[PDB]
Every structure is written in C-alpha cells, then in structure tokens.
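Novice: Below, each chain spelled out in residue letters.
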Amino acid sequence: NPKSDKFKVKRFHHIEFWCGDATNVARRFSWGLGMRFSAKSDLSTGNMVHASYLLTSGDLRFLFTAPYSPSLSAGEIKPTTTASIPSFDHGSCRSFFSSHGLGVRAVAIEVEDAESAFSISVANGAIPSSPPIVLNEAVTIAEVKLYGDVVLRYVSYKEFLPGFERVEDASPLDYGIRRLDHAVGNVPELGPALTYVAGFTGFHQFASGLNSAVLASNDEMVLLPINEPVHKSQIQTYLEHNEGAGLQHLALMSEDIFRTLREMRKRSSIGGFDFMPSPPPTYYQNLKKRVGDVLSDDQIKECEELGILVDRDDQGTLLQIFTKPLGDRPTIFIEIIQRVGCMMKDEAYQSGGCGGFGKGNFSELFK
Amino acid sequence: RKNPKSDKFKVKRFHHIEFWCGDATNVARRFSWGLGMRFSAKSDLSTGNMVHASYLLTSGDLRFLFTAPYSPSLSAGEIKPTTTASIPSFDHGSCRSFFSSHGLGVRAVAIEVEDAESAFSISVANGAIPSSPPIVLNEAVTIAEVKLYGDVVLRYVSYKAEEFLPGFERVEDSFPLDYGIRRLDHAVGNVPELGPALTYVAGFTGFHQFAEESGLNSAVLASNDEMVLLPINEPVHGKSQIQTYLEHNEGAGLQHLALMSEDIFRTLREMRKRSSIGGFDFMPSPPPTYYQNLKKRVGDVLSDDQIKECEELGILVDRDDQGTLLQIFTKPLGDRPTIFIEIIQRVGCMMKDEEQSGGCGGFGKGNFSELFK
Ligand SMILES: Cc1cccc(C)c1-n1c(=O)c2cc(C(=O)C3=C(O)CCCC3=O)ccc2n(C)c1=O
Ligand SMILES: Cc1cccc(C)c1-n1c(=O)c2cc(C(=O)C3=C(O)CCCC3=O)ccc2n(C)c1=O
Ligand SMILES: [Co+2]
Ligand SMILES: [Co+2]
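If you're matching them up, the sequences are chains L and R in order.
In terms of the numbering used here, the first sequence is numbered consecutively and its last residue is 351.
In terms of the numbering used here, the second sequence is numbered consecutively and its last residue is 401.
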C-alpha cells in the first residue's frame, strides 16, 4: 500500500534447496511437479565443489545443491574456486542438512542491482552472510540472513547464473505451475522477525494456533508471510523438527489448478507428492453458496474430485491445495495456488495477493 | 565344480540392501519410479519411529531399504532399551558421518542365514570386526551387523520360521510398479588392496572363490549354493576406474548392484522411458559394430528380433560356457561417480527350480575386451 521499498525489487527469481544428494531430490521434483532440466553445474560440467541442478517450469526456478567431497577441491581458495556460486561453504552446508534437513536455503529475488540492495540492507540492520561478488562480470549476487539459517539472495543482471550448462537436448514437463506466489517462514517470535526483515527491506504488511503477517514488495508481487506459533500448536511442531526457524512452504502459482492437480494427483504413488486429505462433502455443499458466482456448479464438483480449497477476500478468489511434507520431517511442504480476478493492466494479468492467502479456510474446514 | 562348499554357517539367500540416505523419502521415490519397485513397508513418525525414516521397496524378492536419520533432539530421553527404532543397530553419528564422507551409498548387505546368533559368533571368532551384537527384535527376528569393507557392514537376518523387520507397518492399497526386476544378483565393492580383503571376508565366513579386467582386479566369492555372489575389485595403476571410486567415495565402498530380471528387454524400456523424467541415466550404448559380430558369437542363442532389440536398448552381451549373459549399466545414482546399478538376465544353465545355476554365464568379463576396457 505505501510503496516504501528501500530499493528496486523486480520479482521472484529462484528458490535454492540444500540437500545431501541433489540428484535424487531434483529427479523427484522434476517428476512430482513437472519441471524442465534447464541448467546444471556438477562434476560433469567441471564443478568439483557442488552438484547444482536447475529445474524450471515457466518463471519458477528450483535449484538443488549438495556438496561434493572437500578433498576434490582441497587445493583451492576463494578467489580461485571451482564452484559456480561463490557464497557456498562445505561445512556450513553440511550443518544445514545435518540440523534442518531438506529445506530451502536461499530465497532469491531479482533486483536491478545486487550490490546496492546489499549495501542498503546492511546499513539498516541486516546481518550480511556473503558480500556481493560479480560472477564473470555478468551477474552480481549477494546474500543477507532472513530467519535462522535461511538467507535472502539478491541477483543482478547486466538465462541463469554463469557457469551453468544449458540442457536443451534429449537428455520438457509442464503441468501449469508457472511462478512462485509466496514463501512462508516460521519464526519463534513474529515481533522481532517483522522488525528485522522489514527493517532493511521496507516491505509493508499486506492485508488456529498461529499468528501470520504478510510482507509485500512495492508492487506486492514478492510476498513473504512470516508465521509464529500459538501455544497443540502445529507451528511449534515445525520448529521442533526443523531445529530452529525456517521456511514452512512455497506457494506455486498455477495457470490451471484443475489440470495441474490431475497431473500430480495421478502420480502421488509413483514417486510424486502426497496431498492433505480432502474436505468432507459438506464443505463443497457449503461452497456452492459462498463462491457460487465465481465458480459454477460444474467447476465446484471438479474441486471435490481433487480435494481443492477455495477462499474469498476483497474482490479476490483463490483456489489452493497443500502437498504433504517434502522431506522426511513434517517441516517444509508445498502449496499449489491459482487466483481468480484482480486483473487490471494498462495495455493482461492481475496484481498480487488476489484473494488473500486462505485464512478463511481455517474455519470453513472446521465446519 | 570347483567350490569346496566350506560355508562356516548355513547361508540361505540374499535379503535386502539398506541405503543410508540423508533424506530417505526423495531417494526412495526416485528408486520406486526409476527402477520400478514397490513401496511395501514403512517405519517412520507415522508408525511411531522417531529415530530413523526407513522406507522399504520390494520388487519380487529384491528389497531396497532407504533409511535416513531424524533429529537427535526428538529422541533426547531414549536410552538403549527404550529406543523407538525398528532397527536397533542404527545410530545418528554413524549415519551423519557415513553420508558426510561416503555420500549416498549402500550401508549394509543383508543375507538370510539359519541363525544370525551362530553366524555372529562364528564370524567374530575368525577375525571379524563386530559392528552390532545380535538383537532379538520382537522375539521373532535377530539381526547382526559385521564390518565388511570400509564402513559397509555385512548384515545377518535369521527367522524362527520355515514379512520384513518387526515394526514395519505394511502399505495398504503405493503403486504396484514392477518393471521386471526380481532379485539381487551380486554386490561389488572397491578396496585399495584386494589381498587383505579376500583373506578377511573369506576368513570369517568360509566363502570360496567363484569359478564357473583392464582397470581392475576381480575376484568373485560365492556360498555353497552360489546364490550369494560378492565380487571385489582393486585398481591397477597405469587413471584406473577404481581409483576414481576410492577418491570420490573417500575410501572403500560398495561399487554397484546387479539386479536379476525375467526379461532384460522389458526392464530396460521402462527405465529408459524414464531416464529423462526422474529415472536413471544409462551408460552410452556400444557402436553399431558391436552388434554385427554379436550375430555370429551369440546368434545361436538369441533371434534376429532379439539382437536388434539389444541394439535398440544398448544392452551389453557376453557369453561363457553353459549360459549367456545380458547386462547394462546405469550412470551413477548419486551426485558423485560412485555407486550405480546393473541390470542382468541370465539364460540357460537350469535345473528343476521349483516355485538357474548360481552366477552362470560369467559377469561380463568378455565385455572388457569387446566394447572397451
Ligand atoms: C496444511 C496444514 C497442515 C496442518 C495444519 C494446518 C493448519 C494446515 N493448513 C495450513 O497450513 C494452511 C495454510 C494456509 C496459508 O496459505 C497461510 C496462512 O493461512 C497464513 C498466512 C500465510 C500462509 O501461507 C491456508 C490454509 C491452510 N489450511 C487450510 C491448513 O489446513
Ligand atoms: C560401465 C563402465 C564405465 C566405466 C568404466 C568401466 C570399466 C565400465 N565397465 C564396467 O564397469 C563393467 C563392469 C562389469 C561388472 O559387472 C563386474 C566387474 O566390474 C568385475 C567384477 C565383477 C563384476 O560383476 C562388467 C563389465 C563392465 N564393463 C564392460 C565396463 O565397461
Ligand atoms: Co500459503
Ligand atoms: Co556386476
């Protein structure tokens, strides 16, 4: 609302996971979500440090990284490293997977200048992780701590980061997931988290057992909701298994929630992702009156064929469903979302947060 | 014909293979789809286990077990008897260090024996390094793990009856995926010196050197029935393909796993259909000059349609006396060029076989001269 970003922010760029084996994790996400193998940076391409692989589906970019043996790149230094990412560390990445397990490490958002966004953020209370380093004079990258061991990454451009080999040969799955809608993190105290994060970003606040506040960018396209537990708290269950604060889930905007689900739900037993139980028929019997004008009777019955939730806000309506936890622990999962309405462009598409984020379903599921 | 049948204890057959992953969920989902096994048992938080996330995949009699450690803080007050783990030999630090050094690799090789209690006492009494004393689980199954090569251990499983470990809740319906794989053929490991490796393994178990290499020194071991095959390889400098393993895996470790199949032409099309969508990449197929002379040496075994299908799938073919061998190798399963998986189907060398000769047709040694080293 106030448009008070301390620097220019374009939109969501990529989301990087820190696995123990980036091959088996990425091969499952490519088959469970339908993403194309775009770029890669492992021992095949000549990277002795980590095995980074890129999955893309529209604008969404999932990066998976697992460190190799430190003895391979033992005779190297920071200015003379082999890793395509200069902010990487073996011991720090091993501690991320030994403590937090499979989780999102870096939430990257493209800015017009990474060195500027870093210098502005640190000068306003941020905690720097890695200073801005220009990658082959083509991409500037900086990282500042978000919550816990999650970092906020700034990327500058003058398809991906240098040092990545494009994979366009026979060695393209697409189910509708186009971009990242929002990224929700869980913190022990929502107070200092909003004071810290929004302190150096200038992000305004967009507007049981949890208290959530959504941070938004200038155009409200970068949405970073933050959650705190309410003391059994389902959010506290996250912090106990994650061993500290971290990301709860990722909202993946789909161009068509109906077919995107029918491409994933038919594959949850062959290596895909599992979903939460479907709401009782009374929810869809009650759904025909709350959003009977947005969704037709033929489209509402299709929501029950896949167990999809619907919420409504101020001139906005969104459809949503949640996957089961991705890793072993009940920590990080994935939300698939499609918003209806709020379309208003001068010359196409809509704004951000069309329909809220589904807080109306917290009571509609309890009937 | 050349085996003394000098088993130190009654060895029945293969059981399972335990993978110590960092996240056993994603690895098991890839193997379930890439290889085509079937999710048949679980032991995690959904069943009451707070120590490790174990997930079982079963394709015929082959059983792949994927076990990842949970947070050490979840089991802060559990002593040794009061552990909620279905596998008591599991340990947090032993698994956090196995994946930190060896990465994604095989932790244990399970072999079904008559009495793991006796198999443990006979083994340790012959120079074996014990990794886990026998533990009677649920008064039904007894397991014992003895150190093999490196950090991989030899696991014994015994039953008081003539499905899996107790505590593993079944999966009622997991998709019944089955691409053709039936059982485990042989398991190979890499060591710096082959000498002290054969004297050790054959010393505490009584296995015999099997008898029915550019870049390695092979020596297969087999039991009395010869259904349990465990080859070992050592590098020959002047870079050897094993020195690459010993440098990436950081020491010894299980090389690959050969998986039997009732039809290698059936399993390969399913895995190659998926090699680009979450499956397993394979090694580059031999040139067309490999399948022309193939019609002359093994043309009296396969048909013109089957040999052309071998070229379509790029299947390596080698033949010895009394049985031919069809094999093909996948690219490394993990991030590092360490562990991969072999698909094999032997023909001929048969008997009654109610409900095939053990390891007949060789192991692909002729393909070290034919295709390349
Ligand atoms: C999936 C699950 C598992 C165990 C316990 C519970 C409460 C849930 N759970 C959700 O987490 C959930 C989350 C959102 C959601 O999008 C969300 C918020 O509502 C707050 C703002 C930030 C944000 O992203 C909406 C609906 C939800 N519903 C309906 C639901 O049941
Ligand atoms: C696939 C590849 C990539 C890069 C380097 C190389 C040597 C290879 N490679 C093999 O690894 C390979 C392995 C076996 C095999 O299964 C095996 C042996 O290694 C000996 C001991 C017992 C045993 O079963 C057979 C044939 C092979 N051939 C022909 C081959 O080329
Ligand atoms: Co959400
Ligand atoms: Co083999």
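If you are wondering where the hints come from, they were derived from the structure by calculation, not from laboratory data.
Incorrect hints may appear among the rest.
Unchecked claim - In silico DSSO-like pairs for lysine-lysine, Cα to Cα no more than 30 Å straight-line:
(1) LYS40/R x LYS301/R
(2) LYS267/R x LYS216/L
(3) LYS33/R x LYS308/L
(4) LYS250/L x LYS301/R
(5) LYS33/R x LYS188/R
(6) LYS108/R x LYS250/L
(7) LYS62/L x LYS267/R
Novice: Hint by hint, note whether the structure agrees.
Specialist: Against the structure, the hints come out as follows:
With a C-alpha separation of about 35 Å, the suggested pair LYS40/R and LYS301/R falls outside the 30 Å cut-off, and the hint is violated. Straight-line distance between C-alpha atoms of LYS267/R and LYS216/L comes to about 58 Å, which puts the hinted pair past the 30 Å bound. At most 30 Å may separate the alpha-carbon atoms for a hinted pair to count; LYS33/R and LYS308/L exceed this at roughly 51 Å. Taking the CA atoms of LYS250/L and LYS301/R, the gap is about 18 Å. The hint holds against a cut of 30 Å.
A threshold of 30 Å between alpha carbons decides the hint, and for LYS33/R with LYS188/R the separation of about 24 Å falls inside it, so the pair holds. The suggested pairing of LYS108/R with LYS250/L is violated, with an alpha-carbon distance near 42 Å, which exceeds 30 Å. Using a Cα cut-off of 30 Å, the hinted pair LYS62/L and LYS267/R holds, with the two alpha carbons roughly 28 Å apart.
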